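One structure is given below, encoded as structure tokens.
Moving on, here comes chain A:
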Amino acid sequence: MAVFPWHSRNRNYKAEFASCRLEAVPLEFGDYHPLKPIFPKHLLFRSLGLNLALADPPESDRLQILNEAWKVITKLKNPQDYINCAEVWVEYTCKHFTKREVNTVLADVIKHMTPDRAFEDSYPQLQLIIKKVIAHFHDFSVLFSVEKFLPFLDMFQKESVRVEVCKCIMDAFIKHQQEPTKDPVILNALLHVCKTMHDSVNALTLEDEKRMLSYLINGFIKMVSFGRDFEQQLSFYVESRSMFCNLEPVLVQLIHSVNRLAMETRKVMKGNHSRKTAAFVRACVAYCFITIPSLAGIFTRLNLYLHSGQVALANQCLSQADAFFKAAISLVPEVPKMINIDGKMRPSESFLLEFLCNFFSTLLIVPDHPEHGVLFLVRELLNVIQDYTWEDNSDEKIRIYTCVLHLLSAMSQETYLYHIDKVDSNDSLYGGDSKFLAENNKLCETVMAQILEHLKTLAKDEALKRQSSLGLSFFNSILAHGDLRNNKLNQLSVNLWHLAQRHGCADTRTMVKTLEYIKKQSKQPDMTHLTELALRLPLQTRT
Partner candidate 1 sequence: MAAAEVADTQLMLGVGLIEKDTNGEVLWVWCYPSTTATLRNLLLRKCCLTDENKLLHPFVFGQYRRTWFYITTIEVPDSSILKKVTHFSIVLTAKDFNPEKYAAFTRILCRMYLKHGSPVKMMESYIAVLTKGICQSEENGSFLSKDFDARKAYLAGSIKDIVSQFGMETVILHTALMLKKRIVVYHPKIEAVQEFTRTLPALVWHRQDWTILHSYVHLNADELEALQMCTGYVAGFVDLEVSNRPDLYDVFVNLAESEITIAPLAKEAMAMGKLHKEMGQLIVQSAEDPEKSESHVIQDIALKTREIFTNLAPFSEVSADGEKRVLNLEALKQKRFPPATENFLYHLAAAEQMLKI
Partner candidate 2 sequence: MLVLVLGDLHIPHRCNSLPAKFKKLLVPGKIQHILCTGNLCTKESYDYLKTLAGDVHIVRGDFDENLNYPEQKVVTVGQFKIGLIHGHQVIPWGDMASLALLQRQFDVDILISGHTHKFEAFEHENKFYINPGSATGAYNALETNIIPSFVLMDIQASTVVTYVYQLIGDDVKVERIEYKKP
């Protein structure tokens, strides 16, 4: 058996669709389905605050009492009594009357607290006050109108305390904020607080606190929205990136946002892509591009890379994609033997292969460079993959080899499994270049060489179950992609099937049902040479 060149089945995915598809009936107007929906002053002051909170005369009388009580309180220089009793009366005051009534209290609070550190001793009281505000106040714009809150913030010093306030404030904001819109002032204040949080961060702070804080930030972030203003949105993002360096996941959100903006902009333009559209496109591209390096989560960064890729594919940026691929490639060696997630170490190779899998498909979707060697990139990636220190259970390598042949098969196709928009691929140029086809086949054969080598090595290795599965796949693939009109390859497929059976660690049930499937497929007319195979395939069995 020489280096017998693989040659492929030909398939009309459209005809295959029409055969395999079930045609569902469009269901009738309003028809059934299972979920069709067919004695000091302050002491009495506070005591009175309790009684009034419980029971009170009419609002006008409450107002009178407010004036009298708070006036005396302003006269009351003693800050501790002042803060203690005011905290109780505040709830009742905000409960009945509008903002300004309390705003007076705010002013006098600022006055009494300002001259002396004791307000820092009163930090809890300040917190409870704001929490009470939270319960009673819910529309942001009024708080912005209730500008006293800014002096309130300014009064503080203790970063931590402030941060606590921020957490509470923003969670309440989230509970209230359900409107995806904008207000520059609203943004300004929020952003200021956000930076307060961000700068509060240090390298030393607990990652969990970091995470939660970030996540909250992230929530409002999702809420941030100015509708149809790609450039404003963009810029805001840029600076956001600038400041909010303190946690990457957060930044990924921005990344995602970029993507969303870009893609939707693309869709609404409907191919009617002006200079503006394409520049905007490229800018999203870059911003994103530059981001990943800044990032850390390599695996994540990789899928991010491929998204970057595909959007560039969506956006006509070939060599750009190439760069990203080079990057992915560069990350490939980076992938360590074990990676830690959830605090725990897991065999990454499984995961990276999963990526690789979707990437490979992604491969053929690319239009290549004429200058660059026709899919050289592909080989580089695979070769490097093999260069990784794969231990035993390399067989996953072999899985990829298999699948790579499936890809090679698509390249072999004079027409590809899908064709995307304006996207071009070597098919779209070459229309079945015999030369390209042959070179591809040669590449396949290279893989097939590796296939034979390791499989029989595994035979030397008594890895009869794993090797057996590998042969299982090999024959399966040959079936999907091949023509037994290479009688030689058909026979080698028999060699496989019985070789697997002669070592015998394979599931004989698998093999039996497999053979049954072989005959069931073989039944079709072209499959008569598969019928020749399936009968010419007897089967040695554990049974």
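Per the selection procedure, all candidates are chains of the complex that A comes from, given by their letters.
What we mean here is this: contacts are C-beta pairs under 8 Å (C-beta built on N, C-alpha and C of every residue); 3 or more make two chains touch, one makes a residue touch a chain; residues count from 1.
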item	value
Touching partner of chain A in this complex, picked from 1 or 2	2
For the chain A and candidate 2 complex, residues of the former touching the latter	16-17, 19-27, 31, 33-35, 37, 222, 253, 256-257, 259-260, 263-264, 267, 270, 303, 310-311, 313-314, 341-342, 346, 351, 354, 357-358, 360-361, 365, 403, 406-407, 409-410, 417-418, 420-421, 473, 476, 479-480, 510, 513-514, 517, 520
